[PDB]
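There are 2 protein chains.
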Amino acid sequence: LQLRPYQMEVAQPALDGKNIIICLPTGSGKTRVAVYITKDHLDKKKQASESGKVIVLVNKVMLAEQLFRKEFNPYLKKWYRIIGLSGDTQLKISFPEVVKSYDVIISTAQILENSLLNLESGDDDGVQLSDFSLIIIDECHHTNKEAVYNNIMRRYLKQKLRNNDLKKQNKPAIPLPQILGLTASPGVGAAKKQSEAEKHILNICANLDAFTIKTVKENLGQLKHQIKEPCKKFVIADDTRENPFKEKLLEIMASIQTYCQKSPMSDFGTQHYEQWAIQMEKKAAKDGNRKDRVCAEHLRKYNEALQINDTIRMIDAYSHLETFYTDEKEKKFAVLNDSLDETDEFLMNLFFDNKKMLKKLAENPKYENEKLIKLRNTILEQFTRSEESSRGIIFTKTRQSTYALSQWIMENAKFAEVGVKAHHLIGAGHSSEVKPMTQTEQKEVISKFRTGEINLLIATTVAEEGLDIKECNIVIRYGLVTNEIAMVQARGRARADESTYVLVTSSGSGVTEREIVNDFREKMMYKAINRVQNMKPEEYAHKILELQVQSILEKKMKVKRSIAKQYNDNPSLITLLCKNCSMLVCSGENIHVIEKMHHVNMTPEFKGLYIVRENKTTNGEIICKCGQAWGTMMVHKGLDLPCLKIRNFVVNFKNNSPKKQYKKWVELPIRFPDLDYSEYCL
Amino acid sequence: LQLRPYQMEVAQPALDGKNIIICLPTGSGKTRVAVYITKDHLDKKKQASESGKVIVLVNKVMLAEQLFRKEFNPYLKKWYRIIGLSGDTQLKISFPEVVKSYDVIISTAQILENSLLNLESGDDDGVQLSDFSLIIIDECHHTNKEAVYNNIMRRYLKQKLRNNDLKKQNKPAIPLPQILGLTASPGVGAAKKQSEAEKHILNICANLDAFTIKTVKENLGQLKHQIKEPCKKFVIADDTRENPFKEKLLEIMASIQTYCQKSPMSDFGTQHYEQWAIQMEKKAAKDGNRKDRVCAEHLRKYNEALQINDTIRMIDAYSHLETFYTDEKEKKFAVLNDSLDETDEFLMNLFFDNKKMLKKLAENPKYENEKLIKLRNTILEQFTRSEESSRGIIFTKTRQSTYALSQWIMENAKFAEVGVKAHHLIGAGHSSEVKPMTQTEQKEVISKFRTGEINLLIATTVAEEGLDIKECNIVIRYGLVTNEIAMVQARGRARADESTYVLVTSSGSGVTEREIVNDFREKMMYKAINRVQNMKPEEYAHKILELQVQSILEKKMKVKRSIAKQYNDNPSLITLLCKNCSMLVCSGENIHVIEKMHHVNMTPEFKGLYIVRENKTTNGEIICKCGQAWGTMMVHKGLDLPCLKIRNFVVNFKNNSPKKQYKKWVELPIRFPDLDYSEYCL
RNA sequence: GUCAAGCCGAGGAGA
RNA sequence: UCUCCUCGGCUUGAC
RNA sequence: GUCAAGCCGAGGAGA
RNA sequence: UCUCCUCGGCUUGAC
Ligand SMILES: [Zn+2]
Ligand SMILES: [Zn+2]
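Those protein sequences? They're chains A and A', same order as listed. A prime marks a further copy of an entry chain.
Letter by letter, the first sequence follows residues 307 to 645, 669 to 946, 956 to 1020 of the entry's author numbering.
Letter by letter, the second sequence follows residues 307 to 645, 669 to 946, 956 to 1020 of the entry's author numbering.
Keep in mind that the hints were calculated from the coordinates and are not lab data.
You can't tell identical chains apart in this list, so a pair holds if it fits in one copy or across any two.
Derived DSS-like pairs (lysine-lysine); straight-line CA-CA distance at most 30 Å:
#1 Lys-352 to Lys-384
#2 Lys-384 to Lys-700
#3 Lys-398 to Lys-498
#4 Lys-592 to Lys-772
#5 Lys-359 to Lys-538
#6 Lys-384 to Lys-406
#7 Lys-406 to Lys-538
#8 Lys-607 to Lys-684
#9 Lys-925 to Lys-889
#10 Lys-777 to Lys-568
#11 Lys-383 to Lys-539
#12 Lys-539 to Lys-352
#13 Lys-539 to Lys-856
#14 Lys-464 to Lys-889
#15 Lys-975 to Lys-872
#16 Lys-592 to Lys-997
#17 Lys-925 to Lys-887
#18 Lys-406 to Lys-498
#19 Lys-925 to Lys-884
#20 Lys-499 to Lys-398
#21 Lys-568 to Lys-554
#22 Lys-588 to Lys-945
#23 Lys-352 to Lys-466
#24 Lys-398 to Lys-451
#25 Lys-588 to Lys-764
Construct the entire structure; sequences and hints are all you get.
Take a look at the structure:
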């Protein structure tokens, strides 16, 4: 085992109790300190002949795998038992046994939280914090209002308050395990005033029951000498192109609005216009009136097209619009086949013509963009001066930006002659209609980029966290900004001597202000850390107890308000109607539930009312006669049961029918019966 | 006849209807209970003057023979007629007559299933379950998703649902026979949560229409007193040798990969690397490109060599590699005789040299292994302390492990001076290129080991089931684990007072976790058995009917999806090409079928295109000009017809030719004509 | 009584 | 989906 | 080992 | 409240 002087200095208090936090810059070997502390604690327990239980909590499965593979297991594999859990991992043994089997655990917090909830509900034995002797948390800054770590530590704090009550009343008390937290930047919860930043840091400490931040001061110099600082670069551009195509799109906007006779009262292409369109569509659906709901949806689509145009070339906005409208036309063709609306037909007659005109206009690369040209100039100069040693990382905002920029970079032959290789990267969560990337695909891309099979990697906020890469020189941000914590993490991910942290932005975005404020929050955070390290121990204890009570009572009354908050036992006392068109779809008696998860009806009347879409190229889509999507087919129990999304339906109570929208099955108060499938048999 | 109090307690409900299950530990005389119940049922039928038909179903022919010989026949031979059937037995009488002749039957389930299928298809009269009056099933735990017992009981459950429909509609109904099931551990279908284990047990009960598990509780104590528990032992070793030879093999790996310019992206020696190699070879064959398919195959061979090295000494991996490459060289010599490829010749020039070097290096027993040394130490201490009373049983994973360990144990003189005698044992199914052991050979080895002619018996999963041996003290597992059911059966096969259940394992394998989880699943299974025995009879009936409908509908829609699932009447509309090399081999017009089983072509053009290998020392092998194996010669009809394996060929449709691999004759949609051999005559 | 070949299906373990 | 292991059934043929 | 679907919760940014 | 992005957990199913 190897340790360094500043590591001892920071970790010295933890060696004897002192449940504390640790904050060190990236690449400081925090995991090494954690493993050393765990080994010391286990040795002390074995010498003392008491049970030694250690758990490590991480918010990312990849982090758990990396910790169990690279650093944690190899050092301590021989002395004790080690294992790493996760949802992906097949927890075939159990959670409780691995707790009372290995004496050392690595896992995501939510697994432990689920075990605790099972224990309190009595469904499973689960485990209690008292069964442990040491908790280690990674990325403490995520411990906040009601995150998972915060739930675990709220449980611990309730136990500690119970112990406080007993000590002055009953001598026996439940022992509480030591708590160690790790991070690099504890962060600022939007607190601007340095006093508010101090309050935020004290809240973080109280959430962990931390005795002190305990940052390195004496040996700090040597640490600073060992760590290096990259180089920055700012680049700003102004928008003056897009006039022809954008003006034509705005003319289409105006025509549609005059058809609807509506006043947006806001500049076109802003998310406020999207919000207004959503509100208008919701109101139209609630009132049951047509001619505006479908028009509101189309206005929303045109607004999204205008936004993507503002951010991306005309061809991408055209592709989005024509894909959506080709899907709508396929819906209309299917509706005609199984068997004319003034709004739909008016819009479509306007469209076909304007779509042909915009196809003709789209073949005009004279005014495509300038930010992309400037990006090309940047890319080429840095990669040419790198001479094949450029590990380019691109950060953008959305999925479509990544896809389109990767495609158009591959199209360009200048990068090809330079030898650049570009591949895109995105998250896992399925959303935005875009194909998510599987964790296996993520790992494949990262491995290719590490070994050099990929020289240019387009990514999103995922790259800003994790993604341990040996070399990262040219890290460019294409008009985005998240916060000081992620900003510092990304700027520290450029782990190379001559690394360019380049910010390619539009003049409108004030990212320079945010980076300046981030550096100032960094120095303010260091100052607040020094202050708290210099605050009175008694006052520090009083304030941490204060914020502990804050959190405890907040959670208590959150449960109080959310005991039920919605109670009604009315199995079949509503009518569900279609959204775009108002016809009786179902009632509360013909519908049934599966697994307490999926809602579906199987009555032949339902069968002979809807329409089925040929699956896009088993789980085929199901739609209405007006083209409104109702759900998807499912194969559970073997029956081809059409599950439906309540977001696409509307509700009407039999009592008074105040039409409203739910947007989610759980949100509504009433309950639907479980699918007792004794019927449908033969 | 002899019976014991707990046997009456468990079997009392079955004496009057109550189609149920029974679970008792090994050596509890379950067969005695079954024969007593059968005698009681027959006596009741004769007193009542109604036909009494009893069938016994077993999944192993040896089990049927043992039951008919030792316990079942002798007790009841006088009162009624008894017989035991099996595929090995010459069923010259018939199935239906023995059903309506003996009034008592012992057989494998598949015989009854085939009779039922013949009856439904109308080809043969067959028999129906209504013709029976009592079914007894052995090893109920095998009754699962779609095993044979599950098919029989699905037929029975469909009949029962028909009867349920009639009772409320038509008074007359088809009588259903009583059902009795037997086992020792009903098992857990991977269900971890105790609720999921309860669901699995309820599914098992529903599959058998069981009214209750009916386990012994009152007299359980006496049973526990009568049965004894062996002693356990764990031993773990770590791997640090193999560096020279393994490093040289990995250098060969790297050279081959650089020749192919491929990135495995995974640690060498893992089955994932084998899967990737298989996928790459399949892709190469599909695309018709060479230089990678043969290279992929050789990479697979080297991976297998590395795995066997990791598990076994260097000499075994060398023997495997040199045998395979000597076969390849014999193929090449034959190809040269009947008449140079860059990949083959490059690989072979690399090989000859590296093979000579590895021969020179192989004579180095300084770092052969440590797990084998530890195994030797174990073996010697237990056999020395046994003083010739050691019935050693060794469990391993594969055929080659058994062969090599037996050979190397016989080579060692320490066991020889101790007087140890070692013989290997394997299954019957032909696979892995290894000579399978005939059931006659199996019986010979088991008889020799029982009488003491063999003191050490190396075996595989076969030994974990059946293999009734009087004495078994030292049962050692050399790095393997299957499940809780087989674990408990094997641990109960150590039927002696002082028996050592020894687990010799590598530190990597977590067999200790699995055995702990197996004991915990045992107690959880007992708890679930108690619960179901304490569940409400009405709720129990409802849930069993629920799962019965589950299974019935699942099978219904499985047939629905598998009515045909692949339909095409195109006698000669494809071209079959060789796999390793892409040349036209045959078409769909020149090929013919025999017995609906064997595929072959006899055109002289086919004759003058392939090559024949001298049979390894009638059914000689047939190969291509590129060394690819095409099939084997056959003598059916008397003609020397070369049958071919579709796994070694590739297909090309005349319409659009999307090259694909079938791997099996049945899987493909099209049909080939029967061999009308009116041609070829004179 | 013994052997060889081929085909079909099923289960378990691992990945 | 792949590997390993196990089981049963069917057909042919030979000794 | 791989894939698809669905559901639940949480965090960050913007408005 | 809406949009965008990210994360984790659960269930099912298939290969
Ligand atoms: Zn509608
Ligand atoms: Zn060939």
